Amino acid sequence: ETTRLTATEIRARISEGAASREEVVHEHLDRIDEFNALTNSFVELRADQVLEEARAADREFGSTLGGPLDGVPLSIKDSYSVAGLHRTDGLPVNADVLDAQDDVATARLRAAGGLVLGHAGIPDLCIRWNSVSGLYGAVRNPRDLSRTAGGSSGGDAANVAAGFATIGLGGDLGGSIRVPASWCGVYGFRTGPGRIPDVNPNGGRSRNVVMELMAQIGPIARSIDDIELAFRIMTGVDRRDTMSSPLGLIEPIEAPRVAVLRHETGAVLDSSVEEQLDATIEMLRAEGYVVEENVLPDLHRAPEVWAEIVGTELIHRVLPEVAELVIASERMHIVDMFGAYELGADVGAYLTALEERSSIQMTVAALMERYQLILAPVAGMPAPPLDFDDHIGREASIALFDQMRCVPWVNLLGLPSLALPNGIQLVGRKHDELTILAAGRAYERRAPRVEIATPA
């Protein structure tokens, strides 16, 4: 069935006349209807509408493929507007927010022929590594339904892992692509500054530049070719996003040196995660990369400064506004974890943190002239139980943060990173996305192909 196949494989079936686009969509919709009650990962569907799109293309063009995503079913995170779908942030108060226009990233996927099946589940506010909302409930991991799918792009990761869609669209502010992609055993690519514009023609709330500098859009998929396809389609300037650039993609570096991050950000790692890190080092070396351990300086401040900057804003701006609109577990995750790092009410403390961010960014940029890739864990543990961050208190929330210290430094410093299905990531410099994907292909050449999960 096409639910098990990559985008290239689906398109080959269509071009050979072995499947219609409508048949492909029906296969995915039927699988969703069978298993989505268990994962709760597709939270809003557009079944009739996407079948009409598929049929339209079948009738007009038949087996001739149009754009590069023609025939390919897609999952889109609730956060990214899709014309005719609701954009809620997980909140019951926003249940009536229905968008007239696609976001630019979504529009590019659809213009290329992509078939959007619906919107994917998220946590309230998209601030959580567990996709639990007031409006839709909890996303459950298709690999083990007792476990979190991660977050904030947990629904998209779950949809791709379950074979409900071929490619997903998420975003990453504090691991929000990489964490759920790894915990659901799929690829998740956080792009870097400039490449994919974040433009919502329906009117978003205005954001602090500091927060905008740390967030990037990216695809989730079961193969690197699908990651790259979606990445290339979405890349391109749009001057409605200040952060967008017309700079082209840069061809992969010849013989990049790889530095290994293990404990240098202070992360607390399970033995099983250390074993995957070691396995990935082995794979890269067998593919001819030079990989070096114990070359990075003490970077424990990097995830801390992320939490200070983000936490101060959540505690002093966001919670005061939305505390009554979010589920209690969301409020308490913010208070329990981000409350441990927030800087208090004094603007001077926040300004000092912003200076430290710049200092760390410059230090890491300088060392990445020698080590153009950093290989690191994503999470310090495999997918935890659904309740792992539910009303756990301050002490346990500090422990959770310590398990996640290989994640948010990437956001702080504005770097692209590919999460691999084994929970290890490849981080690159700004603008060096294709170098990252080349290293990803080295892992892909060595590890078994990603297979879909059947929720049970």
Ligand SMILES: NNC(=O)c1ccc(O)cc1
Contents of the next structure:
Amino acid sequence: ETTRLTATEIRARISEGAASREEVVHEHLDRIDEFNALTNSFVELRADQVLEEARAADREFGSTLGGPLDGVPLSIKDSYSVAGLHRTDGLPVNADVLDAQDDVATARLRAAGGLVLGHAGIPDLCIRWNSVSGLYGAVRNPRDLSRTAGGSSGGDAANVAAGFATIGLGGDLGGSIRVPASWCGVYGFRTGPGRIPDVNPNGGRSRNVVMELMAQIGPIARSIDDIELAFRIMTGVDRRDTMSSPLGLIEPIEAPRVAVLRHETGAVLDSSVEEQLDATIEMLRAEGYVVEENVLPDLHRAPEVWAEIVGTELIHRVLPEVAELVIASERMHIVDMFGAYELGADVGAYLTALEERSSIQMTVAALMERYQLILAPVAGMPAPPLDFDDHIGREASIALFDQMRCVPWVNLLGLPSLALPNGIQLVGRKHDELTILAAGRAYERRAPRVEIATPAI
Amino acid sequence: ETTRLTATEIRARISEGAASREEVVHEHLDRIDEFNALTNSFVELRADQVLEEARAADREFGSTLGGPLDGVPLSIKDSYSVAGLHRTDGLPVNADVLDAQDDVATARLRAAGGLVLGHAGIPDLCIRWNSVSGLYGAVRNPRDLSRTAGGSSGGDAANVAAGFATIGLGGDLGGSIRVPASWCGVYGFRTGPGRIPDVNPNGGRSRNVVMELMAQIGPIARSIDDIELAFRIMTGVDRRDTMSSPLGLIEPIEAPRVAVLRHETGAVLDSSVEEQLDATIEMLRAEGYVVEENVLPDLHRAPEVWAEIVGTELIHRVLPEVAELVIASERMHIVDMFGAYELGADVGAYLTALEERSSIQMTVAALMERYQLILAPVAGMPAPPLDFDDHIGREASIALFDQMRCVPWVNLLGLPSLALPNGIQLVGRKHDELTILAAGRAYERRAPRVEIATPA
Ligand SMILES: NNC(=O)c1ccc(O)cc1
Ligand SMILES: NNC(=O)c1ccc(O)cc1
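What would the structure be for the form solved in complex with the ligand, rather than the form solved without the ligand?
And the full complex, kicking off with our chain again.
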């Protein structure tokens, strides 16, 4: 039953002598053993190794808690190095990549006492809203096994939603935290520029700054307290990441005004999503926020410019290098969807798109001085069937992109955003993470508490 | 007399009752009237309006000093909006672009009491190490009128070196502060990421983030105190610039080690420049710095990657749009020089260059954890003749680029750097501006005082 509990509640049990760390870990591992065959969400376990950590801490500390994550089991996305685990990007060709060292973000979670159970499932290359890999197969939604878990952090979202771990760690370049979190009915927090360093001491490939500006690390959890705890532990400068900053956290702003994004990026929304947006508007208003509809300009270009920039790179640089190493469904997702938006081979087109990005960014930054939070859908539909994006072709891929238009503008503009379990998100300005989490509590105080799913056919 | 003085000294004259603000402004405007025909460095004045400002302050305040730049005459590069002045980018087609509002950096200088005398000369598009425009012609070096003032902030540097203003405001994407400051024998401080916001409320042309990451605003002046004063006044978040940060200034590092960059970026250096580098090494050693030579790796790709990234954009995006609007020497500088490095039309090559930028940045960031300051030449030669880059062709442009190889790597990697009046610079890590300025002061304690030139 610690599988149903938040970090604070688990630590309370440990503090009172009601459970040992070893017992907490055993409960999660037993649950994983019972149901992970169905979800396929923990793809590489370190069961023996984490049990050793738990027992060691029990022997040394007993019911005294050490660091602020002592006793809390974690899921980590395959992409983030954990010393002694493999980092594969889903690809069989990388099955031999075994890391000697943690990434900085993972190191901080572990140094604080976090008990990493294993690596979580992902799509090949981490470029998909569906966590299907050549090495591990498909992650299924624990809330309904016929449905996608989302992606690219689908494994972590699924592990948290199923009670396999208390907190997960993902990344978000095009919705990789927010999409699976919302589709699995949990919280997912995409942090903002400067806070959490992305440092891999094992040696990563080197990236285009344009892509790095759109990507951030963040936690997935079943409560905002757990989101905040993981966020605070991971935040801090490391000068090995050029985009990391020594800037401290900024206290939540008094009385931010909230703008509603509904159709202003051209998204095609299900009635159920429109109804969740309406409900979330009213939760914020009841909390005392001023929330305004129909105040944003026409921003249909924002997700399109994201797809142009990302798609051009995927089609003209990435795919030529990795085409034969990825599963057919990954290749064809990139061709079918990003092929609709990629700008061709002329550098002049790519440069023009980069200028448009800056123009949109300027417009939105100016308006967010007035509307410091934007409330928006995440996906335009609830979790779709598992094969929703598998060899669906150009026309259907454009229709999918249209359903997801409230997602990737956030990445384009480099903004933090909290995805709520009901598929709505709170987007804030750069550096205003704590304002976002405060607003999130307006939802948390009113919506039913997140409960773990028991996967069943 | 106030034309020779630093900001602190001018303000002391006002405090003493020895000069009014109006008299300070008159002395500078009179000097401009006498010599600006030779330098062509102040290209548009607001003489009546700035005298009005000085008189209003004199009436209300008398010898009481107001804000921290009260009484201090300023030069502002054409590129940075000043309310009531035109912003032309040197192009006759833009001679009617009149701004209603200050840029944020300009507004902060003015709000602090600074007295903007006018706009300073520039090259067409601000893409050149020589401040030659279609609208205003050539800025000439006040220290030697046969020589370039540098660019693209050549007007501001010349104005400060000639005593037409106390402090100037420029920008630096490929040396635009450091090159003209050094060639005019004054200080020029390229600030680092996050510090000074670049916000034009009148509507600036939108720019590629890649270029924006390499560009920073900063002051030109005749002392470190004046550099620091202007720097601190302009620093502060403005969220309209998404690159600006609320991060404060960081106190100078205790005992930073200094790495010497001489030939490691492939630069071809004059003997006089090598000797200025040696002299500065000894000045810093005498002030207690540990300075080490031959500690840097082979960084010859750093300036090349800058030229590839910049050049590809200039050739494939900028020139197609403005080719008929710029003087032929500006067009041909781009073709002759950047044409040697541009990557061609394939987006794949540009993406590859972007990846290499990140790799170099990470390598240099790691080594600057040990060597927190890099000491380097700016240009490989003292200020060249005014025609040095005028329709020179491909081979000559490669030779010129090789002479300038210690300059643009700083931009590529997003680093702050102070150019000293002798053509040497002090480069620091991101956010470490005050450590740089401390080392600048060490130079200033050992070197001759900067004096203004009288153009003749
Ligand atoms: N990590 N990856 C992402 O956030 C992401 C997810 C889906 C994409 O089409 C592109 C990027
Ligand atoms: N602002 N402009 C610069 O710093 C700059 C200077 C010289 C160039 O070839 C390109 C840019």
